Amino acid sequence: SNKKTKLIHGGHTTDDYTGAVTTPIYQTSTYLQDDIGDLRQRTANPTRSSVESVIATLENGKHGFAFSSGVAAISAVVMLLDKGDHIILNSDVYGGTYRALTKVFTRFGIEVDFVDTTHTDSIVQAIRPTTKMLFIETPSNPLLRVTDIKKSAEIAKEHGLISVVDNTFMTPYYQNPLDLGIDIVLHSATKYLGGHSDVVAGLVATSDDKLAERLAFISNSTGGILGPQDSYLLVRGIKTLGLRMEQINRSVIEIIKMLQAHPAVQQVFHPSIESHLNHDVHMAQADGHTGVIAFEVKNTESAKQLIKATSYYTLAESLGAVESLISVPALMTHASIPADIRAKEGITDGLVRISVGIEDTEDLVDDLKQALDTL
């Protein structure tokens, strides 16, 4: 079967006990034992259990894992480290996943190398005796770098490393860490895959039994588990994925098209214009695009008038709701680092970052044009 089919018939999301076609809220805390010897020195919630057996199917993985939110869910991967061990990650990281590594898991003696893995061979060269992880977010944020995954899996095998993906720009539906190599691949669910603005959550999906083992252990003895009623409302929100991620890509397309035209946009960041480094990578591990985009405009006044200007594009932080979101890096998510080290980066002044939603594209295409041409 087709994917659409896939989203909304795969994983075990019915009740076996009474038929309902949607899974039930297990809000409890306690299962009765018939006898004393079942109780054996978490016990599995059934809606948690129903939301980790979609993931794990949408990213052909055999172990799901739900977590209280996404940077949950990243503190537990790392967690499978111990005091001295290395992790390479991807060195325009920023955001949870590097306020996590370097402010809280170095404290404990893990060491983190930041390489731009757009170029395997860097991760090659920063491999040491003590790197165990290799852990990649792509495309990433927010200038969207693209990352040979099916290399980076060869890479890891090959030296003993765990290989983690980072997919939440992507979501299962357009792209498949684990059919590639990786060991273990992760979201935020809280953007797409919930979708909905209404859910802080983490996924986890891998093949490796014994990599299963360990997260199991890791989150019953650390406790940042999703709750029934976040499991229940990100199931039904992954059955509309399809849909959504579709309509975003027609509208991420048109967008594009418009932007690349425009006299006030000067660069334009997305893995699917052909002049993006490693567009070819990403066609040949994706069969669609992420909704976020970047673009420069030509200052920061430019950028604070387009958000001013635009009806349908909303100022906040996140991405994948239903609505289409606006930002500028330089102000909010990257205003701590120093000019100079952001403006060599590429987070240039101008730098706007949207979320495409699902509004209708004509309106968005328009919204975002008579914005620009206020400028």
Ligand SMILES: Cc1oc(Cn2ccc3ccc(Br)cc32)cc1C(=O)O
The other form holds:
4 protein chains.
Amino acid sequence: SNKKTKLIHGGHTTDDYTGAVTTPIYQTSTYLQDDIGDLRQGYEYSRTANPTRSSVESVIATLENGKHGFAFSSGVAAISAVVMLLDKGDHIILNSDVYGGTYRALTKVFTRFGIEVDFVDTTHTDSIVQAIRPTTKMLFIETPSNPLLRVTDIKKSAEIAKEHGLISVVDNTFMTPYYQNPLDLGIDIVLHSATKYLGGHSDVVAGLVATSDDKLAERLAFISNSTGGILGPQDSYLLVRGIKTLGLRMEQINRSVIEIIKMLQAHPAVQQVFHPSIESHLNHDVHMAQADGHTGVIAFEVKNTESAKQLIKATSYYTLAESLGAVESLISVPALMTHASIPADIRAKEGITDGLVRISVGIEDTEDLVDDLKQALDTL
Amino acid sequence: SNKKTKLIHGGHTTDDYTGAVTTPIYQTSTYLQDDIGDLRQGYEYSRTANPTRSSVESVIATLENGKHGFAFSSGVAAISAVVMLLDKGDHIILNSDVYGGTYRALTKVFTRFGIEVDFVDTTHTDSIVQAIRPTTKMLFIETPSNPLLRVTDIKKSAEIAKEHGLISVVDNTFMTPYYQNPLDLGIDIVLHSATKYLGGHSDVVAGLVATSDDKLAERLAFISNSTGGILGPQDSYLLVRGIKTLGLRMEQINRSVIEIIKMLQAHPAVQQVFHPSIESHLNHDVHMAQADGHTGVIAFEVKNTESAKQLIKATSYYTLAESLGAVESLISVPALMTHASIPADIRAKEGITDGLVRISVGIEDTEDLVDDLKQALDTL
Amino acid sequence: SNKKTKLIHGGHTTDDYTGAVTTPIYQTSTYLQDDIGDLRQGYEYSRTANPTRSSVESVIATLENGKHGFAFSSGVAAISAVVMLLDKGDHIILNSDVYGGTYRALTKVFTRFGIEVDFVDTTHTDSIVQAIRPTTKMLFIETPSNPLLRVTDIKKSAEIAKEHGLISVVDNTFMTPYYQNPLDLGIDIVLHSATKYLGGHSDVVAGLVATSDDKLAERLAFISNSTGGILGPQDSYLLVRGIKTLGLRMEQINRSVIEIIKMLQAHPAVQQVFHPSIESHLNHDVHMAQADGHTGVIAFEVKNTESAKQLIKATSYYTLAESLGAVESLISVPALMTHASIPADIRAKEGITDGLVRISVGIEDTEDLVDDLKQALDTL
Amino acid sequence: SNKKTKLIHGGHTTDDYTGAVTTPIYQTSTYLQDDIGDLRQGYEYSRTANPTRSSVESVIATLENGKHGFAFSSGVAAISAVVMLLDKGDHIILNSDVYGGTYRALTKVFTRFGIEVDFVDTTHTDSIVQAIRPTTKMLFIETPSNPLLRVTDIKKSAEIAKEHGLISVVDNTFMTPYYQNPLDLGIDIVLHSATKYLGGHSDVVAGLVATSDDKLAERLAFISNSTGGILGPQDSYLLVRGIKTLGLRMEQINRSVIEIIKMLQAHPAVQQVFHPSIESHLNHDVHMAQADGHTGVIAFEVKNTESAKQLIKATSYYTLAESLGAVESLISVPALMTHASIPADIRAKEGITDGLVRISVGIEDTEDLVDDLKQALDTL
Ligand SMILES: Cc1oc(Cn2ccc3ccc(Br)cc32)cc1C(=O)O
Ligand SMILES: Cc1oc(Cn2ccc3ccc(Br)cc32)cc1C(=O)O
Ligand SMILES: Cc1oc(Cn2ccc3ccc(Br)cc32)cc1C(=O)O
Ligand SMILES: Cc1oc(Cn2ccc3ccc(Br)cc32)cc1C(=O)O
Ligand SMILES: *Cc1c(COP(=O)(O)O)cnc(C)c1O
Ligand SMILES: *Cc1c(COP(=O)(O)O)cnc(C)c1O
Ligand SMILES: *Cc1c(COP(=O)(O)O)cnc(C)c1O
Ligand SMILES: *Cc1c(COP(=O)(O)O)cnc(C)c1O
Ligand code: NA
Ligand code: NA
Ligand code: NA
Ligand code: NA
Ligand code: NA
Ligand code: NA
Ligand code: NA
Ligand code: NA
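Mind pulling up the form deposited with this ligand bound next to the form solved without this ligand we just looked at?
Up next: the whole complex, starting with the chain shown before.
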């Protein structure tokens, strides 16, 4: 029925055989056959299918209202599997500020295989329509993006893709299935770095893909079995376990996000704040139409690099590490960590200033997170 | 010093910090930084590097006398990563009877990316030299192959590759690093389905790659980090643990292989036997020159499909399952299991008759395995 | 600072060496020594101490405001370790309705070792004072108890114990450290079945003990090392991971508990309801003085056994299983499951009627849990 | 049939449901019931029984030719469970040099519960007969013992126990079920620290108990369920996996033991050597009658403490750590490590001289182990 219930009872996450209320961990690679060709329960080799991985795939299919789930050894492994739906000469339209790993995979690996890519500003969907070439086969969007949380209209993206014969894909990592369901808005394929919010405990590197399209699911399954970027059974188990608390965690994170944003907007050491909940934010109305909550990633400007470093060293409950979606609240400076490859003047032009801080709100007490960040900003 | 010692003490498989005599399992995705950019021990995100995966990579590098190890989520994930060293328009020469998964990945995935492949009979290396095109960039050989155990001269393959500017690759799954070291014979890259002998307990799906070439290692590392088919930490741990007993297991398997082959050659219900230890076997001398032991995979002919089925049902210690390299002895009929896609007349032409049985010798008692298979054959 | 923050940052749950933001899993039994007697980090044999178990012990010590933590292979293993602080001839006072496993261990195991026990109604603390014998050495109370949730005054129990020289122990399983901290109220030892709320995912059987008393901690450590009921490293890891969400889960459970109780009191198929939040409940004022929230265990009367069975079969979101503290909501009939050993007339006398239902509220949506239970009760 | 086969196929270590060729890891605590009291497969709560633990229990029962297996969280947890078969006032006869942990548990824990113990020299069984009191209920022997490998006649011990109404127990850790089967010689209960040879990889702390006696099995099961020192499912899995290679490992260890002993006897820096394979060793004939192989633990005298320390620092393949039964070869000085509590003059009287070295032979190459130890001894 309601979401917190669906999180607990959606999918198949018990053992039919013993009745165990959690999915057994099938640390196994091959399965007995009673006769040549007769599989007891559909399992014959763990790369093709493993019952624990089948559990987590059923969960992600259920939570995204799809029919088919696929678990990969990372988010970029899932993204790669989806890109490998295409051939040499095919073209992909992506949003201009995709995740660095996606940009790197596309422009440094798949471009050598003749797959062509254009990164355009999808915050206006007519820029998608102009970017469409006779060779375009796929539209791939993140919303909201990193680290400036640009919002792209998912449903108009799906309509454009349907009308021009494109496979539409949404990287739904930042929102989770708890708040945003691209498959419900006409998208063909939804994917996640389960490394982030879904696993939620900074202890699994995993990717998840879901689709309702039988033929796309057949092609994704063939690609998974042939190239082999499968999630292992222990990691699939830890994903199922972490997803149990996704709703409770996202709602705690959302309460803290709202209060932290009021603080940031009021503080004098903070300039621009980037988050889709802010009403002046581009496509705020669109985000509210396609999601019923918010990501925990917030970016905001302090004055310079020295102010950013002092901010990080003055906090008690903000942890300096990479990734997002932990139970801990994480803090980082994109210009020094994720975007240090880009020349500084081009970082400035894009909005990745030297004093741009990104926090990933965790599940600590809301007042503690607000007060801690505020006193750290008071030292500036 | 000697191999059984190197298996126990080669690589880094203890904890420097606590002194734990086994590699800790880093069920983790991200790492604290004391200052922006300063990693405590070189770890910042588990897809890029994880200390347990680093353990297993050091082991495979050491055992193959390489300098660099890479752990992937499966054997075909490692094979795919190696093939992705190439671009659209590049050409690969492979042995004619490669593993079905390798054939499928190449002709159904990477061919769509403009990578061109030819499967030639590498048992005569001048067939490699004739197959070389101006676009050839890679030579990929398995030795011995499945299921007929054709042997390819590794050292002449390396010389040909060096002289024509090819990356040479050997799939060394069937021999393990215990018996055959391609990097020592001039090969650029050696790889394994660690799912088989190395893990050795039918409970990990994994791939391992090793190389001594710094620039190839840099390209493999970039491909791994960008496409993300990484082995998880629990599976890396179970690989380290299984590899500890590789020598003891391979030597038990080899004793049983020798006795089982004497039995098979003597039995009247058995026709041709395929194994590189048989002196009449093509390139037997070559195998003995490049390996100091044998694989546990044996194939032999019984009369027809009904005889094969009766053989399988009459054994007590031979398990009907897919894969190889278990502690259990595994039995299968390629024409009904791995090769049932190929039309029967073409299976016959290739030597995959309806009564071709493949066994993967396990570590049961030698006399039990011999006697069991013999009494089962006596029922024919 | 505040509780949800202390849950995330209390204890030591990162790797000092690599910086891993989660506790490494030391699947290991022994540790290198650089010189005879010099341990690198205090570890020499995993039964004595293991770094993952040390992590979970630091967490339970921190959350209960103690100084020493101990992880055992189950709740009854922790209870047994605490009882083994005594000698033949020593006497224990316990509350009259202790957990069946505690009653069984005491009257069927430790009584054979000359340890004497009396079960008295501790809801009036002067019954403790009367029960004190010259041989009494320990006072052991659960609050609230199972399945009728009788409340015992913890702070007066601690005063009585201090004045008469008794080791005071509280089984704090039902409340968790999130809501009730016996060590803060003068109790010597607090313990938990971490199998329930703390692990919180029905996938670890574990016990946790905490104390601030150095000499009791030394005796508990000696007992643990000598009798060996230690928690393994994988289970210690899963406990740390589950405890991360304890606050979010307990607060969801508490919201649902309040609404479910309003429903149960209003429904005509329900008679008596047992929970410490009900104002007419014995020692409600005491509970509110010693805890700032509620357990998720509720018991209530329906008419008979047939009504109980129909209730269980008519619910959609209530799972029929043993134990409590899951993410799922669990339902059971004590007279048929936990108390079926006791003759029925004595069950009736104690209040364990044939139609007594016990639910353990999970973290599903509150309205779904209320509506589901209500429609199931409407079928009666 | 033969032992190496029984190791692979004895017990139930596959999944009946999916056919998985390895035992699934049931990381779970409770099980669905279809109706109140009807368990799907006999599981209702993991402390009582867990399907992975059931797997390892079936293996130890099969390997010891018993009917009932029990897995505990450590060897001393299994020993404690067995001792708790007795009541206050009961008396136990043990061999004079029991494992320190057994001595400590008995004289510092269970003696406070009125269980009485005498440690006598069981190398002459008539010393058992003299030690029998009217209150004696149990006879507990290790053979061979640590660190001087004293041998006790198992079959005469069983006869004495049967004639006087004693429960007979053998701690069979040092021999493993591969070489010595006490239940076959009339013993009631056999137990193991599975931490050592059975797990065999220094990565599980576990105890195993086996018996053929239904009523003793019922009492052991009750004690296990009530006091809760159960092995967890991940550790039970790793035990099953390690036991697969027990035969191969023990046979490698035995080959190395024989050669190392020839070396030690020949070397001039070595005085007395203690091992049951030496023909002049007390009860050598008895050992050969009750076992068909040898333990890997050897003790030998060098001149003093300084010679022992130099020996340890001069070896390349001998690791200084606690415990035994690793894949690595372990070295230690009892007088400085396990026996440093005992006053030095009493250590001398017992034979634990300052220069007594104990090695636990691992599975490295035999010549490497011999040569390494010999060159290290040449530096003395
Ligand atoms: C972290 C990252 O993000 C991007 C996206 N991207 C591509 C060109 C480019 C120019 C300016 C900016 Br700002 C972003 C850009 C690339 C990378 C990378 O790791 O290479
Ligand atoms: C198991 C398998 O092996 C091969 C190799 N291969 C490719 C063409 C071909 C023709 C005859 C024979 Br025999 C083998 C052949 C393909 C497959 C597969 O799964 O498709
Ligand atoms: C589940 C259980 O709880 C108790 C407590 N206990 C002891 C005597 C007794 C009499 C009536 C009632 Br009601 C409870 C009683 C014992 C058991 C058990 O498993 O034996
Ligand atoms: C390692 C150890 O072994 C023993 C056995 N044990 C008991 C008395 C005694 C006297 C001399 C010698 Br030698 C051994 C003795 C006790 C301990 C311990 O840790 O206390
Ligand atoms: C409510 C519920 C659903 C339906 O979810 P929708 O969002 O309505 O598609 C599915 N599964 C379970 C277990 C549920 O409780
Ligand atoms: C002997 C030994 C080596 C050397 O192996 P080679 O086959 O000679 O290259 C490496 N590492 C360890 C631990 C060894 O014992
Ligand atoms: C706030 C806080 C504490 C203090 O908790 P008290 O309830 O005040 O004893 C301890 N540890 C951490 C990490 C905290 O954030
Ligand atoms: C041979 C065999 C046995 C019998 O072992 P014994 O030592 O004869 O009692 C039991 N189980 C299996 C699987 C065997 O192969
Ligand atoms: Na479900
Ligand atoms: Na669709
Ligand atoms: Na090493
Ligand atoms: Na080279
Ligand atoms: Na902390
Ligand atoms: Na105190
Ligand atoms: Na079996
Ligand atoms: Na018997």
